Amino acid sequence: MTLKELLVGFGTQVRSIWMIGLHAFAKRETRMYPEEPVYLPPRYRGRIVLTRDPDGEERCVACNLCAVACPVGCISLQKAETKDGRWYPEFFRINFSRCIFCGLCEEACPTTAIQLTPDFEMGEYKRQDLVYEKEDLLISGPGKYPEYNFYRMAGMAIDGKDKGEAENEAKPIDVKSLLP
Amino acid sequence: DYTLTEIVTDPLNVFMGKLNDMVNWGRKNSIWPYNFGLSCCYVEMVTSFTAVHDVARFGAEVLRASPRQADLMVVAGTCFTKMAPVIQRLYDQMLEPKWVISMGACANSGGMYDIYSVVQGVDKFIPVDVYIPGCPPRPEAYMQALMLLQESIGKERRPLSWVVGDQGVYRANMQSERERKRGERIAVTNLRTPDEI
Amino acid sequence: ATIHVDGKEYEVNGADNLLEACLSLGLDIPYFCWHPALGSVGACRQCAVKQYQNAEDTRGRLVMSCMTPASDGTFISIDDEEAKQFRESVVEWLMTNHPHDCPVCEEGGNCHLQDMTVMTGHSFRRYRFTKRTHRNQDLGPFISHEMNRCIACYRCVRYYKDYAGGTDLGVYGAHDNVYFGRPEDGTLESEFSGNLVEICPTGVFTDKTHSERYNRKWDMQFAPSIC
Amino acid sequence: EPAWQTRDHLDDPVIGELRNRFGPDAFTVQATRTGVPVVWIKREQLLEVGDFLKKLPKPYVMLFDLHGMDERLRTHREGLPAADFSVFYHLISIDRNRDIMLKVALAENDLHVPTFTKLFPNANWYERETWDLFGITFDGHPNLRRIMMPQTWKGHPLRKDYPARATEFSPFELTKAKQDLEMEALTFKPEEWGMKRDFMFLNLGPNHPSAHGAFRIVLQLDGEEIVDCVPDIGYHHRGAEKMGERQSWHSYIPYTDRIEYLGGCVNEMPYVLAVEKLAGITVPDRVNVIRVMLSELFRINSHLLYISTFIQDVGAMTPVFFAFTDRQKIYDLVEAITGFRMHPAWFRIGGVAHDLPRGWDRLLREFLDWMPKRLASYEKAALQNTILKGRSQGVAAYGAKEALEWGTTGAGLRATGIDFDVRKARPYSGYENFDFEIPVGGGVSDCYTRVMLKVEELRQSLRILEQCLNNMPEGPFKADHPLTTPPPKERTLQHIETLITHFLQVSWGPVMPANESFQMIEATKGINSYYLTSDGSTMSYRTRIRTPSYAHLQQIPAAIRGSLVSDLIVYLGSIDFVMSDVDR
Ligand SMILES: CCCCCCCCCCC1=C(C)C(=O)C(OC)=C(OC)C1=O
Ligand code: SF4
Ligand code: SF4
Ligand code: SF4
Ligand code: SF4
Ligand code: SF4
Ligand code: FES
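Chains as they are written, first to last, in the deposited numbering: chain I, 1 to 180; chain B, 2 to 6, 23 to 29, 36 to 220; chain G, 4 to 230; chain C, 12 to 208, 214 to 600.
Treat the hints with care, as some may be off.
[To be verified] Chain I is nowhere near these chain C residues, computed Cβ spacing over 10 Å in every case:
1) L21
2) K207
3) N401
4) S582
[To be verified] Each computed SDA-like pair below joins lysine to any residue, with the alpha-carbon atoms no more than 25 Å apart:
5) G:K87 x G:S74
6) G:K87 x C:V527
7) B:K147 x B:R205
8) C:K396 x I:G21
9) I:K161 x G:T99
10) B:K121 x B:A195
11) C:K53 x C:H87
12) I:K171 x G:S74
13) C:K165 x B:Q111
14) G:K134 x G:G124
15) I:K176 x G:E192
16) C:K189 x C:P247
17) C:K389 x C:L478
18) I:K134 x G:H213
19) I:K27 x C:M387
20) G:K87 x C:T554
21) I:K27 x B:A74
22) C:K200 x C:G239
23) C:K396 x I:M19
24) C:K187 x B:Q116
25) C:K505 x I:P118
26) G:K11 x C:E12
27) I:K83 x G:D141
28) B:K178 x I:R127
29) I:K171 x G:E192
30) G:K134 x I:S177
31) I:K171 x G:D141
32) I:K4 x C:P247
33) C:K389 x I:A26
34) I:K171 x G:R129
35) C:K129 x C:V246
36) B:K147 x C:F183
37) G:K220 x G:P186
38) G:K164 x I:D174
39) G:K164 x G:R129
40) I:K4 x C:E395
Just so you know, these hints were derived from the structure itself, not from any lab. Beta carbons: idealized from backbone N, C-alpha and C, even for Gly.
Pulled out of the complex, with its shape left as it was, chain I reads as follows:
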């Protein structure tokens, strides 16, 4: 081979050594997990929770929209009703061994009950323990949507909210009333 290209190659190797050495003189780019906590943006799609309304009741009306919108089919729930007439989940289970954390259930929730939260540490020793029941999903507050209350908009009468007491609702006029 040519001597000129040999000298060019030697100079290029020396230059590469020089850049790697100067990059050794640089600053570390490592975020030291777990001593340094990982920053997650507020809409990060991690662990799924069920949230509560500002009045403290659970937001889920067991409408099963998240379960059907799930492409993996890893949400199972059953509707139950209290004595006042509000709907709630009798049970709610998410199989997190199947869940792909796609956020379609949060997108499909009309009450903002189901939410994907910035939490990624969900490793488990047993796969059966990745099936999260309702006691593992229901949190103490409203999560990412602080003020929305579906039952303040719905037309059904529940405790503390009779007919005509929802948003943009008039009082019910009886057909027996004297006014035309």
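Starting from the structure of chain I, add chains B, G and C with the ligands where the hints point.
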């Protein structure tokens, strides 16, 4: 509360206990994963291997192309029907002690691919030590799984020699992380609104 | 008989009306107040098509297809822009007083009103005023009553009275306070009161026995069986 | 007339040429929303029609796609020839900047077509896959064997009567397949593999210690020289098209994410554009700008991965660490916007899932300041190294003729000097409003030439990001169409019409009216296309995904023959493929 390979109690002289603790310390502080790329979960694994995450700090960066030298098999990807005998053969080629981490929903259960050409989870044919949910799990989830595996390794009993003592492997029955973190997870009230950064 | 729908020739039966003739051909006309067993009364005004006097006609006229006979040589258009806008307006007028109830309503996923709201392409609300409400009655152990969801399509009264021969269900009130139910709380006396849950296109009459252990229609496993 | 309007394309000169050559009754023109002339050709005239298109004055030189379709359950086939099955051939004329689909009808019993391998050599794998997934025989094919499923597979998975879900796992089948893998090297016959004839035989895979997947290559060797090589693919077959027949239009977006997993929103883009063609949705300009932003960010991510993987395959180990730090910066921005890292599933039918979060421009500005010095450092540290140039230059070269005849698109085709980028030739998603150049090669596609073209593409994507940051429109992030899935969330949460539309769209699915649409985009690795058939239902009747890695892997034996095995490793590292893209 252990598992012998049957639910038995803790078998652990006091010098043998110290030797077992030293062996477990050396095993958990030096874990050599096998370089096996199935799907996108492997991309997040090797992302954890790089400079911005530095999985080398836990002593787990020596990524082996030979299953003989590897201690940890990270099934990180879909367990396809054509790839499942390859996975089983590579697991069989490993040496005791060997540990398995399912990374991602595909390796956990099949994930979104409940389809004709996918085996629904790698626990169908190999025993798994640590499962990671996610599609993909982020690199620090793989690091957290490594610490979970280290904590599981540090409380297991294995024979010091193949000629002296009980040769059974006693794996501890750990408390589930769901039950452990249920105290701090339910107490969460308010999160940051998604419209911010 | 011969009809021309959107410029396409069709051979139908002349004794039928236009809505049932077009539904028998696979054409999609939204409708509420018509039923194949109850006949046509032309209340809901949802089935509007544009009829022309002949082939060389451009103006036309909106007619109710449920009340228009499918006579020979009848020229109509379903996909006419004026007819589409009127059907969307009818769905919108029905939607002005409708409760925000679909997640907590037993007719969700099985709702004719949902299907026709989507079918008309109406998804933007420009009504900002209040919506009327109604008290509910107790109809017995079988039928649950939710009067807010009513669209005043009169199917229940026509079925229960003119078809089933029942006496205790009726329509009361006036202009936009029309009420459909019994004069007082009590069990529906007819032995065929349960068909109201399929006759009603909304969630007013619902299966209470199903509403105990409720699940949506897509979640059911069905089989063809004999009672 | 919008871009999604149903056209018959009878004004295309190819229709007039076909009428003047074969007569007016020799074929049937189908009106679609695919944007191409769709022509049903009789089976006995298929070879002469293909030859006539190959011998045009501005000929159709590339077979873009070739696949089957099971039409037995299709109810809305008005104006279509009677067909239990059909085979479509998508051909591209680069000089005309046009493309044509030819469809051959097939009866249920007579499932055989003449082979297309004589006219187009890249038809081999497409016909193998069509036989594998549909049972359609191709007469005259050299080795018509299964390519996705194993050879001991019963049935054809893409047929309508084939059960989509996973069968019950059995240890017996796993043990039998392990024994088959063990005795495969003992009872290897180089006749069923399409090979012929001191000739060593070696297996590279199936497991591979690299980031592009794990696949097996059977190598025939004369010493170090490669005499013949066939790839064993299908090891990463996820059944994505069959899942297209099983999900709704909205819930299939996460599956489109995982076609090639370095692309993300780049993979979401052709699917949502094709669904918007089916829905008649013209998205607003801010939607186009946001989707272009995310596509270019993920293009930079994928190109950084590709350059790092190539450099590590050559032998330098540090730039992969640095470019993974750069990928972390990109992932920070993408996590802020979409909420996820590599499978965002953020594109919606009619727009995107959310608006841009307040503060995204700071992260974009930080990345735009971070990137160019790092890219220059990568160039001066590894890409200008003479050892890397010696390992890369002159390795697996081909001209424009080989790139055209094998369907090679992306950086290889442009490294052969052919200036054919989808973002310029057939613009989509408002790419005409951005000023960016298309780098081209001198006429020879080396490994080094492909890598430097990808570097220049990275720089052009940085330029696109700069123009998008300086000029960001204000407006809606979703279209105002009734078929925008899902509707905007606040209107869903306080309006009953929007709640009804949301309820029916997320549960039963949006109803796409019966039509056929097609979208082709310039992905990170080549041309990625979605061909969508709707039978009027809430699910896709057919979801055909054309990926470029399939074509590049089929081009592999025609370019590496006569070379060494280290050259094969370098060629694998410089192709920019992932095995999920190959098998899908
Ligand atoms: C028998 C030959 C042994 C060669 C040395 C093997 C052990 C060192 C591996 C170094 C390494 C390589 C190459 C490497 O590519 C890599 O990235 C995935 C690492 O993790 C950060 C590594 O640690
Ligand atoms: S994030 Fe996606 S996969 Fe997970 S439960 Fe929700 S819809 Fe299902
Ligand atoms: S979509 Fe929301 S309200 Fe409906 S069942 Fe799911 S979590 Fe509950
Ligand atoms: S779990 Fe998701 S990210 Fe991981 S291999 Fe499967 S599709 Fe890829
Ligand atoms: S009757 Fe229909 S439109 Fe009305 S709340 Fe129930 S599901 Fe919704
Ligand atoms: S209660 Fe039902 S059937 Fe009766 S008028 Fe109202 S919507 Fe029609
Ligand atoms: S269906 Fe004709 S007006 Fe009601």
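These are the hints, each one checked on the structure:
no.: 1; hint: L21; in the structure: holds (40 Å)
no.: 2; hint: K207; in the structure: holds (37 Å)
no.: 3; hint: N401; in the structure: violated (5 Å)
no.: 4; hint: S582; in the structure: holds (18 Å)
no.: 5; hint: G:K87 x G:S74; in the structure: holds (23 Å)
no.: 6; hint: G:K87 x C:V527; in the structure: holds (18 Å)
no.: 7; hint: B:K147 x B:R205; in the structure: violated (28 Å)
no.: 8; hint: C:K396 x I:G21; in the structure: holds (14 Å)
no.: 9; hint: I:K161 x G:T99; in the structure: holds (21 Å)
no.: 10; hint: B:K121 x B:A195; in the structure: holds (15 Å)
no.: 11; hint: C:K53 x C:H87; in the structure: holds (21 Å)
no.: 12; hint: I:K171 x G:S74; in the structure: violated (48 Å)
no.: 13; hint: C:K165 x B:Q111; in the structure: holds (23 Å)
no.: 14; hint: G:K134 x G:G124; in the structure: holds (22 Å)
no.: 15; hint: I:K176 x G:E192; in the structure: holds (23 Å)
no.: 16; hint: C:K189 x C:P247; in the structure: holds (20 Å)
no.: 17; hint: C:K389 x C:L478; in the structure: holds (12 Å)
no.: 18; hint: I:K134 x G:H213; in the structure: holds (23 Å)
no.: 19; hint: I:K27 x C:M387; in the structure: holds (17 Å)
no.: 20; hint: G:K87 x C:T554; in the structure: holds (22 Å)
no.: 21; hint: I:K27 x B:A74; in the structure: holds (11 Å)
no.: 22; hint: C:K200 x C:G239; in the structure: holds (20 Å)
no.: 23; hint: C:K396 x I:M19; in the structure: holds (9 Å)
no.: 24; hint: C:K187 x B:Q116; in the structure: holds (18 Å)
no.: 25; hint: C:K505 x I:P118; in the structure: holds (20 Å)
no.: 26; hint: G:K11 x C:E12; in the structure: holds (23 Å)
no.: 27; hint: I:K83 x G:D141; in the structure: holds (15 Å)
no.: 28; hint: B:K178 x I:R127; in the structure: holds (20 Å)
no.: 29; hint: I:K171 x G:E192; in the structure: violated (30 Å)
no.: 30; hint: G:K134 x I:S177; in the structure: holds (18 Å)
no.: 31; hint: I:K171 x G:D141; in the structure: holds (20 Å)
no.: 32; hint: I:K4 x C:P247; in the structure: violated (41 Å)
no.: 33; hint: C:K389 x I:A26; in the structure: holds (14 Å)
no.: 34; hint: I:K171 x G:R129; in the structure: holds (22 Å)
no.: 35; hint: C:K129 x C:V246; in the structure: holds (19 Å)
no.: 36; hint: B:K147 x C:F183; in the structure: holds (12 Å)
no.: 37; hint: G:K220 x G:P186; in the structure: violated (32 Å)
no.: 38; hint: G:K164 x I:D174; in the structure: holds (23 Å)
no.: 39; hint: G:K164 x G:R129; in the structure: violated (37 Å)
no.: 40; hint: I:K4 x C:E395; in the structure: holds (22 Å)
Consistency note: the structure conflicts with the earlier hints numbered 3, 7, 12, 29, 32, 37, 39.
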